[PDB]
Amino acid sequence: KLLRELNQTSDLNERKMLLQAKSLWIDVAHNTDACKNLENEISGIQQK
Amino acid sequence: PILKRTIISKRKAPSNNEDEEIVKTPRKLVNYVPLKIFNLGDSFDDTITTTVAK
Amino acid sequence: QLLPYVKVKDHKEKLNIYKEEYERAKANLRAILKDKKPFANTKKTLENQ
Amino acid sequence: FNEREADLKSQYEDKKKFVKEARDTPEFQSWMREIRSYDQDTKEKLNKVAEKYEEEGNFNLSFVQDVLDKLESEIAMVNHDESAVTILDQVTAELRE
Amino acid sequence: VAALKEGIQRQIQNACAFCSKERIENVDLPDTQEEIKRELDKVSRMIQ
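Protein chains in written order, with the deposited numbering: chain X, 289 to 336; chain Z, 87 to 140; chain U, 268 to 316; chain L, 803 to 899; chain B, 865 to 912.
One thing to keep in mind: the hints can contain errors.
[Stated by the list, open to error] No farther apart than 27 Å at their CA atoms in a straight line, the calculated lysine-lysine pairs in the BS3-like style are these:
1) 276(U) with 817(L)
2) 301(U) with 818(L)
3) 336(X) with 324(X)
4) 822(L) with 281(U)
5) 818(L) with 303(U)
6) 818(L) with 286(U)
7) 281(U) with 819(L)
8) 906(B) with 872(L)
[Unchecked claim] One-sided excerpt, in silico: chain B residues whose CB lies under 7 Å from chain Z:
9) 882
10) 891
11) 894
12) 897
13) 901
14) 908
I should point out that these hints are in silico values taken from the structure, not numbers from a laboratory.
The C-beta atom is built at its ideal place from N, Cα and C for all residues, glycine as well.
Based on the provided sequences and hints, a complete structural model is requested.
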């Protein structure tokens, strides 16, 4: 019964795990888009 | 009444939050410094909850 | 029920910083506009030279 | 100097646009209506609770983080609420009987 | 860019360690970091 309560809590825990993984993925996406912007800026500087 | 005037901020109370230096301070021509390893979030650790998910 | 304190404080701070930035920008613009005419006068003197 | 002043003028116009955007906001439209809502019940208990809130705010030495922390704490407290609250009088009446 | 790429490699290795980066993009969540931080605080309080 405590394990069933753990399952009920773990549904929210995995939801929090997914939210934190989504936050990490968005951080990775922010880093990647900023890297793409830096690549565009370096490409413009290389064109100059 | 008194509560509204105390809560509200007079525009004259500060010097319009004036900045330091007459003009903006100069910067390096590139000065990228990407950093941004963490954007908000943080707080509860991911490793412990990942082991909990496993 | 009253004005939101966080929002009013944030709005006042942003208005103050925007107003000071506007004031410094307009002061700099007036200074450069006043200083521009002597450059035109110097260009006229250099064309005379 | 002409290109530099043109850039400064463009920045000045951008700053003026930012200043204009700072005012006449939807939040400002919300304002002057909250003032009417406060004027609906003037002072009395509301003045006392407002004075207590001001004292708490100045004691906390914060205006943004403190309010968010209190809001999060009160939402967390309200999350566990209304447990078996459907019947309060009947159970007491039957217990007394 | 190399330092940013090393940071991105560390972040993606952490994302692979924590669930999977490729398994998170399918889920829908607002891009704004402040909303995600508020949701993380809310779920943390719910877990507490």
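Evaluated hints:
The straight-line distance between the Cα atoms of residue 276(U) and residue 817(L) is roughly 20 Å, inside the 27 Å bound, and the hint therefore holds. With a CA separation close to 21 Å, the supplied pair residue 301(U) and residue 818(L) stays within the 27 Å bound. Pair hint residue 336(X) plus residue 324(X) holds up; C-alpha atoms about 18 Å apart against a cutoff of 27 Å. For a cut-off of 27 Å, the pair hint linking residue 822(L) to residue 281(U) stands: about 12 Å separates their Cα positions.
Restraint check for residue 818(L) and residue 303(U): satisfied, since their Cα atoms lie roughly 22 Å apart, inside the 27 Å limit. Taken as a hint, the residue 818(L) and residue 286(U) pair is honoured in the structure, with Cα atoms around 9 Å apart against an allowance of 27 Å. Taking the CA atoms of residue 281(U) and residue 819(L), the gap is about 13 Å. The hint holds against a cut of 27 Å. Annotation: proposed proximity of residue 906(B) to residue 872(L) holds, straight-line Cα distance about 13 Å (limit 27 Å).
Taken as an interface hint, residue 882(B) checks out: its beta carbon lies about 4 Å from the nearest beta carbon of chain Z, inside 7 Å. At about 14 Å, the closest approach between the beta carbon of residue 891(B) and any beta carbon in chain Z exceeds 7 Å, and the interface hint on this residue is violated. Checking residue 894(B) against chain Z by beta carbon gives a least distance of about 12 Å; that is not within 7 Å, so the hint is violated. A hinted interface residue such as residue 897(B) counts as satisfied when its beta carbon comes closer than 7 Å to some beta carbon of chain Z; here the least separation is about 4 Å, so the hint holds.
About 4 Å separates the beta-carbon of residue 901(B) from the nearest beta-carbon of chain Z, less than 7 Å, and the hint is met. Annotation: interface hint on residue 908(B) holds; nearest CB of chain Z at approximately 5 Å, less than 7 Å.
In the structure shown, a violation is registered for the earlier hints numbered 10, 11, in ascending order.
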